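2 protein chains.
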Amino acid sequence: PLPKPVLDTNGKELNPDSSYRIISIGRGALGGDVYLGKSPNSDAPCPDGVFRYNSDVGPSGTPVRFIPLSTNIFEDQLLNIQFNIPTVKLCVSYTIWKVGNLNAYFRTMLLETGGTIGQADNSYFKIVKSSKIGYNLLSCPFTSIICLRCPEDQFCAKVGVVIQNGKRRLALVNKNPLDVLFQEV
Amino acid sequence: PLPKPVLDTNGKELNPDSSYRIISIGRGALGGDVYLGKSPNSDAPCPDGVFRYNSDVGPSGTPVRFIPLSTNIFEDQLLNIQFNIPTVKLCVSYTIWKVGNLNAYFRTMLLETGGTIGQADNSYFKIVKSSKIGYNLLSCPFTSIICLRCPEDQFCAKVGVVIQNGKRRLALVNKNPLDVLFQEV
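Protein sequence lines, in the order shown, are assigned to chains Y and V.
With my numbering, letter number 20 in the first sequence gets 20, and the count goes up by one each step, no holes.
Every position in the second sequence, counted from 1, becomes a number in my numbering once 185 is added.
Just so you know, not all the hints are guaranteed correct.
[To be verified] Keeping only pairs whose Cα atoms sit at most 30 angstroms apart, straight-line, the calculated DSBU-like set for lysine-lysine is: (1) Y/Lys126 - V/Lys360; (2) Y/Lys12 - Y/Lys129; (3) V/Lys360 - V/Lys317; (4) V/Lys360 - V/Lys223; (5) Y/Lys175 - V/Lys311; (6) Y/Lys4 - Y/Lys38.
These aren't lab readings, by the way, just hints derived from the structure by calculation.
Chain Y with its partners taken away, still in its complex shape:
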C-alpha cells in the first residue's frame, strides 16, 4: 500500500502551507460552503461553530488549513483542521476544529472550534474518498482511548449535517456524509 495524497479542486495535491475552502458537491439549494459561525446555544465569547451555508449562491466559505502528523496531507490519516482567518483579540483560540460533548437533543457530537494541535484529544479528523462523489471528513475523537477491536483501536465516525436553528451544522452522522471538495484560495 501507498499513502495517497488528497487533491484539491484543481488536481494539485493538498499543501499544509496553503488554504482551502471546503465546498460541497451538491449544487444550488443543495449546496453551501463550510464556514465559522455562532452557535445559538453556545456560551463561548467567540464564534465557535462549524456550519455550511444554505445555498452556494452567496458568501464563500471560511478558509481552512490542514495540519498532518507531518508532513504531507494523505487520505485516511489523522490531522487537524483550522480556520485560517484574522481574528479579534479574544478569539484567537477559537479557530481550531474539534468535536464537542455529547448533545442529547441530536444524539451526536457537533463540530466546533476551540481545539488544539498535535494532541490525542477530540481535534483529529481524516480526509477520505466518499462512497458517492468526492471527499468525506471523518472525526476520530478519543484517540487516547482504546476502541476494542476497532480499526487501529480507534473510534471514527463520518461527518455530516444536522439542522440547528435552521442552519446546517456539521456533526457526526451515520448516513449521508457531506461530500466535499477542497478549492484552494
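Here the structure of chain Y is known, so what remains is to put chain V in place on it, guided by the hints.
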C-alpha cells in the same frame, strides 16, 4: 453461540430483581468495593461519582442493580447499572450510571451518575469475562453513532481506575481493567 449468563459470587445467575455489591478480586490495600461518592470538581447538587474504596477493610460497597435490554443479564450485552439506595429528594435522578464528557486532564471519560434507562446515550455498559481473573465492566458510549468497522458499529472501552484527589475513580482505560465480582446482598 449461546448467551452466557453472568454469575454472582455464589454461582447463582445475575437477577434484575436483585442487588449486588461490585467487589474487587484484589485483596486488602489492593482491594475496595465500588460505591457512590462526591466528585471534588463536580457542580451537581448530589453525589455523582463512581468510586471504589482504598481498602476492602472498611465500608462495603453501594449496591447496584442491572437492567438488561430484557430479560436476562448476559455477558457482552448492553445494559444499565444503577445504584440501589434510598435517596434525598433532590438526588433521585443521580443514581443511574453513565459515562461523562471528555476530561482533558485524565484523557478519558469518568464514570458518574445521572444517566437514563433504555436510551441510546452514554448509560450503557457490558459485563464480560476479564483477561486475568473474573469480570470486567465495559462502557459503550455513543450507541447512536456508527463506529466505522467496529464490532457491531459500536465504540466500546474497558473500565478501570484513575486517581482523582487520592481516590479511586472509575473511568475508561486502556490497560489494567478493574477485575470484579458481584456479591449479592
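* Within a Cα-Cα threshold of 30 angstroms, do Y/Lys12 and Y/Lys129 meet the stated pairing? -> With Cα atoms ~16 angstroms apart, Y/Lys12 and Y/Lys129 stay inside 30 angstroms; holds.
* Asked: Can the restraint linking Y/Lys4 and Y/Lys38 be considered satisfied, given a maximum Cα separation of 30 angstroms?
  -> This hinted pair is violated, its Cα atoms lying about 35 angstroms apart.
* Asked: Is V/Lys360 within 30 angstroms of V/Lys317, Cα to Cα?
  -> holds (12 angstroms)
* Holds or violated: are the alpha carbons of V/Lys360 and V/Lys223 at most 30 angstroms from each other? -> Holds - the C-alpha atoms of V/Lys223 and V/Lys360 are around 25 angstroms apart, at most 30 angstroms.
* Asked: Given the hinted pair Y/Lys126 and V/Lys360, is their alpha-carbon gap at most 30 angstroms?
  -> This hinted pair holds, its Cα atoms lying about 26 angstroms apart.
* Quickly compare the C-alpha distance for Y/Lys175 and V/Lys311 to 30 angstroms and report which way the hint goes. => holds (26 angstroms)
Of the hints listed earlier, the one the structure fails to meet is number 6.
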